[PDB]
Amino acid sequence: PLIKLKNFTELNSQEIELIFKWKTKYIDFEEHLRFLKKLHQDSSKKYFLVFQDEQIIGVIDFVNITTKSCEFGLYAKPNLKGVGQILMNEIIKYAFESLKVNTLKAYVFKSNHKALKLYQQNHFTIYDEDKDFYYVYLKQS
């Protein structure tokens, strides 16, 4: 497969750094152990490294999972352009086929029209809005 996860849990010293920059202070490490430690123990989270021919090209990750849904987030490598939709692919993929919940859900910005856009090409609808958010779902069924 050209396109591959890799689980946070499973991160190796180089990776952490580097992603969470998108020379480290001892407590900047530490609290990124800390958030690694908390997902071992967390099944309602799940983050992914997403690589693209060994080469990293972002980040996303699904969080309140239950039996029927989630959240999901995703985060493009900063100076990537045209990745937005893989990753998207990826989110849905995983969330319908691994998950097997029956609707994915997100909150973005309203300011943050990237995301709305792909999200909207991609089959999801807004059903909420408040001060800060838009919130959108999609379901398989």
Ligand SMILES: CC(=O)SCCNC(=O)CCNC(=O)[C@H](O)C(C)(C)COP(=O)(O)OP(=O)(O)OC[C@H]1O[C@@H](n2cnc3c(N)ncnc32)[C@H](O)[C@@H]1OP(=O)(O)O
Second form
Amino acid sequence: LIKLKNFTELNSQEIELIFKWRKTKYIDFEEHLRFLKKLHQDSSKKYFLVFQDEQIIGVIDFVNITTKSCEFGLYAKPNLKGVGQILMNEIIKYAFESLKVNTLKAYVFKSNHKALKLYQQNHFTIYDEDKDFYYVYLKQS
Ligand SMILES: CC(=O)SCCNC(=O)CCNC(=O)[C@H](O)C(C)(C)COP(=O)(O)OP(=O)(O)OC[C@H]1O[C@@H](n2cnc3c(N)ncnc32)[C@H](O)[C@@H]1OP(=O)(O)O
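Same protein, different state: after the form deposited without the named molecule, show the form deposited with the named molecule bound.
Full complex below, order starting with the chain above.
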């Protein structure tokens, strides 16, 4: 039902679509392609387009991937609501089962209450804070 499409396999329609989330100019298109090219070359980052029954519902990402940890991010398709939990399920499953990391980490601006609540609901704990960010983690064991 829920499937992950690696950014390394995106087609031009998908690239067009997702980078507009908030007449494509050549410089924007070219900058998106250069990003996708870096993803082909960098095993420490992985971005996925997430599908639910052949409909796009958001993007998830894992960066600073090591054998023990990673950072993650998520972004709901902007016309959809209530898909954060699905994206979070996928993030945790993929990190624990596919990357096999013990620690999942993120940081978010303190004003991002939607994201914080979602992380807290999935048993994340705030372990640090600076002027801009809260830093959260979840450990498998
Ligand atoms: C790459 C990155 O940007 S990573 C940083 C995190 N990602 C982002 O900030 C990207 C922009 N934001 C998003 O894509 C979305 O807002 C997401 C994915 C974070 C959340 O999406 P959704 O789950 O669709 O949002 P939704 O409107 O359902 O709200 C999620 C929950 O927070 C709750 N919430 C909303 N506002 C508040 C608030 N002020 N205080 C506490 N909780 C709140 C909702 O009631 C909801 O509760 P539930 O989980 O009990 O149902």
